[PDB]
Each structure stands twice: as C-alpha cells, then as structure tokens.
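Protein chains: 2
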Amino acid sequence: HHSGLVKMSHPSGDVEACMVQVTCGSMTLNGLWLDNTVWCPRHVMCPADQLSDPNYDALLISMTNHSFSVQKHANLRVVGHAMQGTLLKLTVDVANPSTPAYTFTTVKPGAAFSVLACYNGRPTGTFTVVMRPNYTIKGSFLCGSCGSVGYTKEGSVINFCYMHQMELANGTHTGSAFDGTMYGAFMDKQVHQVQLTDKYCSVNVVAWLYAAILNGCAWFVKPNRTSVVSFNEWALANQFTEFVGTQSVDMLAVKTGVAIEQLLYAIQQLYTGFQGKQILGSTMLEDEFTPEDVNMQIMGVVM
Amino acid sequence: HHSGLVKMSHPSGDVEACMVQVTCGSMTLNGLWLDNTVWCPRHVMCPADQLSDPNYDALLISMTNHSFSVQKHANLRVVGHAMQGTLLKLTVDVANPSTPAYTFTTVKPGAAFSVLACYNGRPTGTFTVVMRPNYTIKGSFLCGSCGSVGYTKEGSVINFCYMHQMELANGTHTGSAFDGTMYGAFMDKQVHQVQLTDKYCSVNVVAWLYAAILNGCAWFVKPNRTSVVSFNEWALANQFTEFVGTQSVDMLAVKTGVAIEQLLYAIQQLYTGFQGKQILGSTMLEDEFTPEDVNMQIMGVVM
Ligand SMILES: *[C@@H](O)[C@H](C[C@@H]1CCNC1=O)NC(=O)[C@H](CC(C)C)NC(=O)OC[C@H]1C[C@@H]1C1CCC(F)(F)CC1
Ligand SMILES: *[C@@H](O)[C@H](C[C@@H]1CCNC1=O)NC(=O)[C@H](CC(C)C)NC(=O)OC[C@H]1C[C@@H]1C1CCC(F)(F)CC1
Numbered sequence: 144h145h146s147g148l149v150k151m152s153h154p155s156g157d158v159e160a161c162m163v164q165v166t167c168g169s170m171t172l173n174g175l176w177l178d179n180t181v182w183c184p185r186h187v188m189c190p191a192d193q194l195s196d197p198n199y200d201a202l203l204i205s206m207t208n209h210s211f212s213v214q215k216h217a218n219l220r221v222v223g224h225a226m227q228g229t230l231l232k233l234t235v236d237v238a239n240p241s242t243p244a245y246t247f248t249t250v251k252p253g254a255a256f257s258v259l260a261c262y263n264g265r266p267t268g269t270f271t272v273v274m275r276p277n278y279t280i281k282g283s284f285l286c287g288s289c290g291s292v293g294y295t296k297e298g299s300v301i302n303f304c305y306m307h308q309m310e311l312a313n314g315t316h317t318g319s320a321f322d323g324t325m326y327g328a329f330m331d332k333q334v335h336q337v338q339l340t341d342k343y344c345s346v347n348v349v350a351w352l353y354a355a356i357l358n359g360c361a362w363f364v365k366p367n368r369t370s371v372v373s374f375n376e377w378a379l380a381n382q383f384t385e386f387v388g389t390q391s392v393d394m395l396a397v398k399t400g401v402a403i404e405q406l407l408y409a410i411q412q413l414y415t416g417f418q419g420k421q422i423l424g425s426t427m428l429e430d431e432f433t434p435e436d437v438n439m440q441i442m443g444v445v446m
Numbered sequence: 144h145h146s147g148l149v150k151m152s153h154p155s156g157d158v159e160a161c162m163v164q165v166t167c168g169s170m171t172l173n174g175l176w177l178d179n180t181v182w183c184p185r186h187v188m189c190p191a192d193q194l195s196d197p198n199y200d201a202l203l204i205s206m207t208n209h210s211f212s213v214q215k216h217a218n219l220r221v222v223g224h225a226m227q228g229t230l231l232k233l234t235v236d237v238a239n240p241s242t243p244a245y246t247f248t249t250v251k252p253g254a255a256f257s258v259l260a261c262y263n264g265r266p267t268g269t270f271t272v273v274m275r276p277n278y279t280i281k282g283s284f285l286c287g288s289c290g291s292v293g294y295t296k297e298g299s300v301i302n303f304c305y306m307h308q309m310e311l312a313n314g315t316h317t318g319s320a321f322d323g324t325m326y327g328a329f330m331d332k333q334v335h336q337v338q339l340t341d342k343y344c345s346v347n348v349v350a351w352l353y354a355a356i357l358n359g360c361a362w363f364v365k366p367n368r369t370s371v372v373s374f375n376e377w378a379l380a381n382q383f384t385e386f387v388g389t390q391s392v393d394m395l396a397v398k399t400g401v402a403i404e405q406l407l408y409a410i411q412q413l414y415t416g417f418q419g420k421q422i423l424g425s426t427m428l429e430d431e432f433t434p435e436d437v438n439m440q441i442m443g444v445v446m
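So the protein lines, in turn, are chains C and E.
At the far end of the first sequence sits residue 446, using this note's numbering, and the numbering has no gaps.
At the far end of the second sequence sits residue 446, using this note's numbering, and the numbering has no gaps.
Honestly, the hints are just simulated from the structure, not real lab data.
Any given hint could be a false lead.
[As the list claims (entries may be wrong)] Simulated crosslink set (DSBU-like; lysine-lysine; CA at most 30 Å straight-line):
#1 215(E) - 296(C)
#2 420(E) - 342(C)
#3 420(E) - 420(C)
#4 296(E) - 296(C)
#5 215(C) - 215(E)
#6 420(C) - 342(E)
#7 232(E) - 296(E)
#8 296(E) - 215(C)
#9 398(E) - 420(E)
#10 232(C) - 215(C)
#11 296(C) - 342(C)
#12 215(E) - 332(E)
[What the hints assert, rightly or not] To give an idea of the interface, some chain C residues facing chain E are shown, with a C-beta separation under 8 Å as derived from the structure:
#13 152
#14 281
#15 283
[Said to hold, decoys possible] If you want the footprint, here are the derived chain E segments under chain C, 3+ residues with CB under 8 Å:
#16 145-156
#17 260-268
#18 274-286
#19 313-325
Beta carbons: idealized from backbone N, C-alpha and C, even for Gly.
Just need the whole structure built from these sequences, with the hints factored in.
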C-alpha cells in the first residue's frame, strides 16, 4: 500500500561546512567556499534601486577586494575578485579546511538534485527537486536564499550543479550552473521574462509506474505496447518529454518482467484518464521520481 | 501556480557526526552516540533465527561489554550496557566530541520530523515524514537501516524523537522513542501485528488549504462555516482526526482573513469530491504539511 518512496536528499553536512555569507553593503546572500574560492551570485553587487536592469560589467569595475565582506557562522579576507557569467569568483586568503572532493557539473531536465537552503550563510533546510523541462525547479526559497546550492553526490564526490538566483512569476525557481550560465533562457534581472512550457518527464513517469509494479500495483499493465519512436511522436503533441531509455530503466524492466513499451502504452492511456483508479495513491501521473530513485530506495541498488 | 511547498528537512550535519555502527556478531545496525552513551535498537542482540519471538531479557543477560562492537566511519570501547524498553543504552569510553545540544522528546500524530537514513553507520539520505494517526510513518527504509534516527530542531537544540525499528506488512514504518517505548501499540518482534486505521490529519489539511489561499487559490472558500465541535463529531465518522487549533493555525487565519471554520466546512465538502477542480495541483486532500511548514516556507516565520 505504501510505495516506500520519499523525496530523499543527500546528507548535507559536507556542504554545510562550505557555506558563507557575502555582502556588498546592499544585498546579503550566501556564497560557496571551496579551497581559496568563494562563489556567489553577481547581483550581490546591485543596489536595490537597480535590480531590474543592472550593468554588471560597470558594477564589477566599481568594486575592489575590500568591497566584498565574507563571513562564516569568521571573516575571510578577499584578495581577488572576478565575474564568470552570472556568478562572482572571489578569492580569499584562507583555504576552506573542510573542502570536500567536488566537481562542477550541469544537471539535465528530469534529473534530481539536493538543495541546501541558506539565509545569512546559515543553512536552514534541505530538500530535493528535479530540473523541469523548462529549466525551473519547484523549490522553497525566500528573500535572502540566493547563493543556496544544489548538488548531487557520486561516491564521496560532491557534484555541484546549481546556485540559486531568482523566483519567477509562477512561483517556480531558477539559478546558475557553476560555469556561470543560467539554466534555460533565463536572465538574472528582476524583470518579466518569457517562460517555456513545462512538460511531463516521460522517463520519470515510467520509473514511477515501475515502482508501482514493484509494490504489487499493476492493473494498468496490458500486453499492448507502444514503441519508443511512436511514443515520442505522440509525446510531441501532448507536452511530454521524448523518452530516452537508460541502463537504470532497463534494470527496472528486468526486475519486474514488464517492458518499457508496455508502460509507454500505459502512459498514453493513463494520460487521457485513470478511469477512477489510483496508482500508488495518486490519480495523476507522477514525474518527480527518477529511475535511479526507484532503483535505490526500493531495490537497494546504487550505480 | 507553484505553492512554494517542498518536503523540507533539517540540515543533517549535526546528527551525521553522532552516527556509529553497532554489531553483536549477528545483525549490524546503527547507533546514536551522544556524550558517553550509544543508543541502538535492542534486536541487535538477536540471532536471525530468533527475530520472531526473542527473549530480550535473557539475550541481555547473556551479553557482556565486549559482546558489543561499536565503530565510527574508530572503535569505541563499550564499558557499560543496559536495556531501556526496546533500546539499548551502551556506555563507551570516549565522549562524542561533536555532541550537539539535544533533548529527547516524543512526537505526536500529525507532527513532522526529519530522518537521517543510515546503513553500516554511514548516513545515506535525509527526508521528512509526519507521524501518522496510527503511529506509523511513510518512510524509505531497507535492511540495515535500523538505528536511523528522527529528530526536530528548536533553535540550536536537536530534539531526538525516533529510532527506526521495523517495517509493517503494508510498507509503512515504525520505531522507538528514546524513552524506549515503541510508538503506538507496536512490538519489536518480526511477527504479524494488528495495524490501527490511519486517518487524515485535519489540522494539516487546514494548513494546506491556507497555503492554497496564500498562493491565490480559494475557489473552495465559501462564507459557510462548520464549528470545531460540529466538525469533530463529523470527523469521528469519516476517518479524520479531531481538529485542535494552535497559534500557528491562528496566524494563518490572520494573514489570509479566512476563518478556521470556513475551512472546516470546506473539508467536509471537498471530502465528498473536488468536483473536478484542483487545489495546488492536487485532486485529493493533502495532510503531510503542517501549519508550521506553511508559516515557515511561505510566510517566512519560525516560532
Ligand atoms: C535572492 O537574492 C533572491 C531569491 C528570490 C526572492 C524571493 N524568492 C526567491 O527565490 N533573488 C531575487 O530576489 C532576484 C534578484 C534578481 C537581480 C535576479 N529577483 C527575484 O527573484 O524577483 C522575484 C520575482 C517574482 C518576482 C516578479 C519579477 C517581475 C515580474 F515578472 F514582473 C513578476 C514576477
Ligand atoms: C532494521 O534491522 C530492519 C529495518 C526493516 C527491514 C526492511 N525495512 C525496514 O524498515 N528491521 C527489521 O528487519 C525488523 C526486526 C524485528 C526484530 C523488529 N523486522 C522487520 O522489519 O520485518 C519486516 C516486516 C515486513 C515484514 C513482515 C513481518 C511478518 C508479517 F507480518 F507476517 C508480514 C510482514
């Protein structure tokens, strides 16, 4: 009756030890301290009368090293400063003694990551989200949360993928990769911005339907099959992502004995209606769990 | 369109530094190391041929101090051992140098807490759950997760409320308070056990309907009111908890200008059907968010 699925985040201790507070006299937000570097959103340089159309190149030239105040909850003297896209790269006199093994990587639509929400450099909560097909996330962020970071963990290595920047008109959120790009077409300017349509993440729905089978729920499984190619043509007219299978999904097909194409056909039928039935206690398709989530939490398999 | 509500856990770093591995030669599970004490489930003493009907008093007498192996990922020499209800209280030679300020407290149905899931003493994930009215939680726990701990945080103080013990036939979970009692009527014996009916947590549904209003969603609000007394009589015949208002809920009534009794009436009407409409993207009543969750994540208010 219970799927055994929860929104599961990584333990956050490693990342908590990397969070600092950064201020410029106007805004206060959070930075990520690794080795001798502190990363933070560049709109820390903005006075609040210019958040709608800043000239960041000019604001940056106007700063010097002691323009930036970096504190831990210590004071970290800034000895170098630079701008990469929508992030600042501050250089500090002290190497973080608790720097974890880490990489920077970009997360793809449908993938889950863990977020450490911070205010004034103080971590206050953790949660997990999936990158939506329109490069937003359905987060929980208030004023002062910018600089909060998202990350995945492979083994002992932390793969930082997100630095929080802003909220959109519809309540969702977006931010930067650590190459300084914003996800999607977004700009770090407090103005109305076009928003791309969101879509169902077809791979994650398939994962969820497998999770239902692994919990004894399979009324929706019929011998009928939709091929991947046919499903993807259907997908395009129904605001579903195109499906791309993975080894993680294949393992789920092996364990249950149910082929991907059976579940692609089931999504097509379920999209038009659950006929009053429930799947894992839901009457709507669920796309916030990944194949890796289902393999890990139900089957006991990382990879 | 997006509620700004996520399942939000506490940052887990403080508790990660307290987790150890405990073994007796049969089972390996997790313990919680605070000052000179290590807490762990008592069925670490069981050989796997006796998990269905152990004699814990006799197993305990049969143990000595070096029967228990406690390791951190160190070795902590056990110098004392005792049993409190369904937990063991091991005394070790070394005080945990990172013991947080803490209390032990019991969590009540409807209240949310954070869980650190651990295997072999290694923290592997964090998530948050509400204690169901039948004293289970809808967790994510596999073999070797016993000893994983649940906790709330008031200020800097960690209020430990849960040590994981077992899974039930229906996929939900339960465990001990740190006074050694199991929640509800449950026993730490691997046998079939009666399960109490679960119910909607009426206070948390009200919280959720307030969260909808705070996000511009209020079609369900009518001038009609159901008094608390009348709602609670209704509650008893419909598998809802009886409603008990709090200051947290009152603040939500103040902010929105919508009285509790309007929402009690709305639950009664919504219970019988959403008439095809959605609330915060859901066609079912939602009871996994507390008034404190809505105050914190949407309104910015702790208390
Ligand atoms: C961190 O500094 C801060 C986090 C935001 C604040 C509230 N929730 C969050 O996630 N970031 C900002 O305040 C940024 C700063 C810019 C220079 C990038 N701005 C916003 O997030 O603005 C809030 C948008 C929802 C407001 C609004 C924007 C104009 C509009 F389009 F017309 C209507 C929507
Ligand atoms: C930690 O040691 C372990 C965590 C469990 C394992 C799987 N998921 C979890 O949360 N705890 C146990 O294995 C306990 C040990 C007892 C001495 C308390 N036992 C169980 O959790 O048993 C699993 C129950 C689901 C099994 C079953 C029980 C008999 C039944 F009722 F007939 C049918 C249901």
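Each hint, compared with the structure:
1. 215(E) - 296(C): Satisfied, since the Cα-Cα distance of roughly 21 Å is no more than 30 Å.
2. 420(E) - 342(C): It holds: about 20 Å lies between the C-alpha atoms, which stays within 30 Å.
3. 420(E) - 420(C): Since the Cα atoms of residue 420(E) and residue 420(C) sit roughly 17 Å apart, the hinted pair holds (cutoff 30 Å).
4. 296(E) - 296(C): holds, 25 Å
5. 215(C) - 215(E): holds, 28 Å
6. 420(C) - 342(E): Within the cut-off at roughly 20 Å; holds.
7. 232(E) - 296(E): holds, 23 Å
8. 296(E) - 215(C): holds, 21 Å
9. 398(E) - 420(E): Cα-Cα ~24 Å, so holds.
10. 232(C) - 215(C): holds, 17 Å
11. 296(C) - 342(C): Measuring from Cα to Cα gives roughly 26 Å; hence the hint holds.
12. 215(E) - 332(E): holds, 27 Å
13. 152: holds, 5 Å
14. 281: holds, 5 Å
15. 283: With Cβ-Cβ at 4 Å, under 8 Å, it holds.
16. 145-156: holds (count 12)
17. 260-268: holds (count 4)
18. 274-286: holds (count 6)
19. 313-325: Result for this restraint: holds, n = 3.
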